[PDB]
Amino acid sequence: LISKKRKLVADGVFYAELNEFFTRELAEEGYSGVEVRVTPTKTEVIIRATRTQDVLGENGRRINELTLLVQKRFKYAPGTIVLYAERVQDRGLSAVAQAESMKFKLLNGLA
Amino acid sequence: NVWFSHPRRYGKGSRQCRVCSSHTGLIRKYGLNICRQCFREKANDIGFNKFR
Amino acid sequence: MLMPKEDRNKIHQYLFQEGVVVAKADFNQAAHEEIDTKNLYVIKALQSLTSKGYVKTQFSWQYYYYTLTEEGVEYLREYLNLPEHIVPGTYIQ
Amino acid sequence: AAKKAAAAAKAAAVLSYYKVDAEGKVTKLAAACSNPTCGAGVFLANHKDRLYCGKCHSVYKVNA
Amino acid sequence: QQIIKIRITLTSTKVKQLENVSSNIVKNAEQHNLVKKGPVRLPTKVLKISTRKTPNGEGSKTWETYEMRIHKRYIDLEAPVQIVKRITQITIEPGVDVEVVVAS
RNA sequence: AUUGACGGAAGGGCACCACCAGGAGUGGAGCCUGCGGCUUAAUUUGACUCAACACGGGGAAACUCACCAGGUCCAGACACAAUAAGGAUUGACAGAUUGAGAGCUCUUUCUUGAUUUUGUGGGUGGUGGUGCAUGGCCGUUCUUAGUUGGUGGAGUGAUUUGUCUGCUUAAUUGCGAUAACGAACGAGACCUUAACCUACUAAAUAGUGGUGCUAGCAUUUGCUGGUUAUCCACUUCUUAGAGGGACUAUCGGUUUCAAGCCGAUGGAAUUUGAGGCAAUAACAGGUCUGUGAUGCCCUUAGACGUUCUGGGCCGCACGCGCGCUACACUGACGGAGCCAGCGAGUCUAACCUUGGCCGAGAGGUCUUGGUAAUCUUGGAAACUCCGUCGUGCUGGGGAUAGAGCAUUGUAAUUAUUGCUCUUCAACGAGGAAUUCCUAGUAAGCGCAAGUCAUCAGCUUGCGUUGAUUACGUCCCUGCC
Numbered sequence: 001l002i003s004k005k006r007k008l009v010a011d012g013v014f015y016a017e018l019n020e021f022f023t024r025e026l027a028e029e030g031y032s033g034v035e036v037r038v039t040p041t042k043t044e045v046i047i048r049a050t051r052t053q054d055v056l057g058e059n060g061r062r063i064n065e066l067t068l069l070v071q072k073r074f075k076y077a078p079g080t081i082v083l084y085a086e087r088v089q090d091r092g093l094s095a096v097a098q099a100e101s102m103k104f105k106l107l108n109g110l111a
Numbered sequence: 001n002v003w004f005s006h007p008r009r010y011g012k013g014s015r016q017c018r019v020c021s022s023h024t025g026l027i028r029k030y031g032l033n034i035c036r037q038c039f040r041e042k043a044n045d046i047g048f049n050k051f052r
Numbered sequence: 001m002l003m004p005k006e007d008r009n010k011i012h013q014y015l016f017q018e019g020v021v022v023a024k025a026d027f028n029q030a031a032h033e034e035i036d037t038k039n040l041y042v043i044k045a046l047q048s049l050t051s052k053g054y055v056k057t058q059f060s061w062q063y064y065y066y067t068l069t070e071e072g073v074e075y076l077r078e079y080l081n082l083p084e085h086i087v088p089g090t091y092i093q
Numbered sequence: 001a002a003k004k005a006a007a008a009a010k011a012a013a014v015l016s017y018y019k020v021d022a023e024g025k026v027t028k029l030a031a032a033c034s035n036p037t038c039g040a041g042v043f044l045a046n047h048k049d050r051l052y053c054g055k056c057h058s059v060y061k062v063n064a
Numbered sequence: 001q002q003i004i005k006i007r008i009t010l011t012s013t014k015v016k017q018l019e020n021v022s023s024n025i026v027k028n029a030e031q032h033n034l035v036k037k038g039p040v041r042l043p044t045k046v047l048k049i050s051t052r053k054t055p056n057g058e059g060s061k062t063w064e065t066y067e068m069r070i071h072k073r074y075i076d077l078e079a080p081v082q083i084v085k086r087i088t089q090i091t092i093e094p095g096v097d098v099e100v101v102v103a104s
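Residue numbers (the numbering used here), protein chains in the order written: chain C, 1 to 111; chain E, 1 to 52; chain S, 1 to 93; chain H, 1 to 64; chain L, 1 to 104.
FYI, nobody ran anything at the bench for these hints, they're computed from the structure.
Hints should not be assumed to be uniformly reliable.
[What the hints assert, rightly or not] Listed below are the simulated DSS-like cross-link pairs for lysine-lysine, each with C-alpha atoms no more than 30 Å apart in a straight line:
id, chain 1, residue 1, chain 2, residue 2
1, C, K5, L, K61
2, L, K45, E, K50
3, H, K4, H, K48
4, C, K75, E, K29
5, S, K38, C, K72
6, H, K10, S, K5
7, L, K48, E, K29
8, H, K55, H, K25
9, L, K14, E, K50
10, L, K85, C, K42
[Claimed, not checked] In silico negatives: residues of chain C with every beta carbon more than 12 Å from chain E:
id, residue
11, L26
12, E28
13, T43
14, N108
Positions of the beta carbon are idealized from the N, C-alpha and C atoms, including for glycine.
Take the sequences, apply the hints, and build the full model.
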């Protein structure tokens with residue numbers, strides 16, 4: 001129970017740990033952001049990302065890794081948290097990615 | 001054990017940033033409890049586009 | 001660091017198990033969420049396990065994220081004497 | 001001014017501060033701190049007027 | 001057949017999903033023909049956090065005013081335990097909160 | 001020879017941080033604080049042309065806290081060797097000792113129980129230094145107009161115009177002139193709020209009539225009420241969601257009849273007003289005194305680490321800024337009218353407090369409501385009222401003082417504030433200076449928040465009364 005102000009804030013700030021935690025670990029996967037949803041059942045996070053064939057986990061453990069963090073950090077019953085990653089359709093014009101494709105190009109030993 | 005932690009509830013040292021963990025600059029304004037250089041930073045995302 | 005043979009055993013336990021632990025930088029706490037093992041404990045015994053690679057830390061937001069290591073979870077298989085059936089949250093479609 | 005050097009973790013290297021009898025019975029001497037912790041063993045040590053107990057850090061006050 | 005006078009209370013950050021939901025609302029309910037009102041439309045709260053721009057006194061005195069403008073929005077709706085539930089389940093969505101502060 | 005730059009050389013723009021046209025002032029004083037400095041137990045510390053001067057949200061009686069004048073206890077991890085259950089060591093009465101009911105010490109000799117103590121190895125306490133070892137942010141050039149690149153095309157090339165003579169704007173904002181064609185960022189678009197919707201959508205946490213119940217004056221049916229339900233019906237109002245709506249519009253001029261600019265009509269309505277985001281390159285501006293962001297030096301128990309006390313940053317012949325009341329009858333005193341808007345607020349406990357009493361008063365309290373469009377909370381001051389004061393430094397001025405009485409606070413002393421009554425200090429419109437300002441704008445009368453236990457002569461935000469003066473220049477400065 002919180003004052004609507006009080007809610008739509010922490011609800012934005014939610015985009016300030018998935019936006020991050022993915023920043024750093026998924027610095028590889030193609031990090032493609034995310035839709036944080038509510039639906040009357042779940043809280044579902046669709047990871048767009050440009051390499052679903054190391055994120056998916058050699059069967060479904062690497063996806064039961066990033067949830068069973070997203071659950072223990074943010075409290076959720078077990079179920080109220082399914083990660084669908086989803087490719088990234090229109091790759092030429094992400095901005096962020098073609099930057100992550102310099103950082104990855106430079107490191108790798110280039111001029 | 002009095003003899004390793006002090007009477008830190010109210011003031012500045014008690015509460016500390018979310019993101020960096022600093023005392024310097026604070027945004028209390030709305031369950032926010034960040035710093036008052038970072039904020040802005042992300043934020044534009046977080047909710048706080050602008051409208052000016 | 002000098003710990004305890006009923007907290008050293010207890011960690012390396014919801015570490016294998018869920019497999020995956022997410023224990024803040026607040027030294028100075030009775031107690032960590034899901035493990036009675038004060039906080040401060042973990043953090044430091046895990047700075048140890050990481051250090052070898054029976055595990056793998058990731059940082060930021062201020063929590064230390066950890067999460068298993070594909071194998072290094074075959075060390076915990078001989079430490080807390082247990083099967084060589086299961087893989088731990090690991091195979092769960 | 002001055003450093004200590006930490007107290008020595010010192011060497012009674014054996015023990016037997018528990019009537020070793022001759023032949024075939026062992027019993028238990030200097031009481032055994034009259035508490036449950038303090039269980040059956042606890043060989044009480046002798047200090048100023050009141051006696052001294054370590055299963056509880058040390059503590060306990062029962063004369064001798 | 002037990003009747004209940006529900007009250008529908010919405011809020012978002014986009015005037016475009018939101019208006020969408022009392023068009024869908026009050027015409028996925030006049031299909032049902034329900035005894036209701038029309039999307040009441042509540043004073044626009046609207047937070048302006050002054051902050052300086054610089055990272056360091058230095059540097060002119062160089063300031064900001066970012067804010068969330070919600071559009072608060074509510075509704076009405078009668079109907080038993082059956083045809084407020086088939087309505088609350090349906091509008092289903094991105095951006096938005098629905099309460100059902102029930103009036104039994 | 002080249003432009004990133006430089007000139008106290010010429011030629012153009014742009015802004016009341018630059019002048020006109022002017023208003024209210026600062027600089028004068030009675031006093032607020034803050035920075036110079038002498039003082040000192042110590043008078044901690046950053047900050048010094050626009051970019052240091054009620055500024056680190058610095059409103060500090062402890063504390064905070066960095067200055068001392070002094071008391072302690074370590075809150076010395078980890079390994080090694082040494083003391084070695086024959087006690088490593090711990091603790092304490094009270095008295096000697098001191099602020100003291102610190103066993104700080106020493107007197108005693110109880111207690112104490114391998115957790116300590118000692119060196120060796122090493123760490124981690126650090127508002128101690130270094131902002132020029134740096135991070136991150138924020139000031140400045142900036143209420144800026146400005147960058148840069150392709151393909152052409154030009155011109156060993158450092159490369160160039162493209163980014164321009166002119167007219168145009170709040171504006172590299174746009175027509176137009178053009179071996180230059182067409183794009184990116186800035187600006188603008190966009191987001192906030194203030195206006196408008198007698199159309200929608202709903203409201204015993206907003207108000208209408210009708211309805212009684214009803215309390216007065218009239219009696220003329222009328223007029224004045226009281227009623228969180230007597231009922232309902234409403235939704236202008238008041239809230240607030242969707243939504244819409246303005247584009248300089250319509251003629252008329254005015255011009256290269258281009259971009260633009262006046263004026264009058266309709267209109268709610270100088271970029272609709274206003275903020276906020278704010279490229280390009282930076283500055284050795286500031287900051288390790290916001291940090292458990294942090295290099296490298298130093299500190300490591302006679303510590304610069306921590307903590308109980310007391311004073312200290314509030315000390316004055318004085319120098320410099322930011323500010324409050326006043327030199328009046330266009331005011332000071334008083335009855336009697338008597339009016340908003342931004343807030344806030346108690347939960348695990350004392351935030352707002354009425355009401356009804358007690359107090360001249362300051363207040364005390366019983367008790368009340370209120371996690372708030374639901375309570376205190378619809379009653380704030382400039383003012384209209386009706387006058388006393390009569391040109392008397394007053395009946396403008398309210399300085400500095402003597403006591404009491406209160407209201408907080410372990411501490412009220414270098415009286416935190418308040419009241420109760422008297423002491424009745426300058427100054428009789430503020431020199432060389434020098435600011436800020438084009439519309440609900442300049443300025444004054446308030447108050448709610450930010451401190452907070454309190455103590456505002458500051459910071460922020462609002463409205464209630466509300467005009468002069470232009471609505472233009474490059475004389476200046478300043479920068480392009």
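Here is what the structure says about each hint:
1. For the suggested pair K5/C and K61/L, the alpha carbons sit about 29 Å apart, so the restraint of at most 30 Å is met.
2. A threshold of 30 Å between alpha carbons decides the hint, and for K45/L with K50/E the separation of about 16 Å falls inside it, so the pair holds.
3. Taking the CA atoms of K4/H and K48/H, the gap is near 26 Å; set against the 30 Å cutoff, the hint holds.
4. Taking the CA atoms of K75/C and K29/E, the gap is near 24 Å; set against the 30 Å cutoff, the hint holds.
5. Restraint check for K38/S and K72/C: the C-alpha separation of about 18 Å stays at or below 30 Å, so the hint holds.
6. Proximity of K10/H to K5/S is assessed by CA-CA distance (about 24 Å); at most 30 Å being required, the pair is judged to hold.
7. The straight-line distance between the Cα atoms of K48/L and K29/E is roughly 10 Å, inside the 30 Å bound, and the hint therefore holds.
8. Proximity of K55/H to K25/H is assessed by CA-CA distance (about 26 Å); at most 30 Å being required, the pair is judged to hold.
9. With a C-alpha separation of about 14 Å, the suggested pairing of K14/L with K50/E holds against the 30 Å cut-off.
10. With a CA separation close to 18 Å, the supplied pair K85/L and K42/C stays within the 30 Å bound.
11. Look at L26/C: its CB is around 17 Å from the nearest CB on chain E, clear of 12 Å, so calling it non-interface holds up.
12. No Cβ of chain E comes within 12 Å of the Cβ of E28/C; the nearest lies about 21 Å off, and the non-interface call holds.
13. No Cβ of chain E approaches the Cβ of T43/C within 12 Å, the least distance being about 18 Å, so the stated non-interface status holds.
14. Interface exclusion of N108/C from chain E stands, the closest Cβ pair being 28 Å apart, more than 12 Å.
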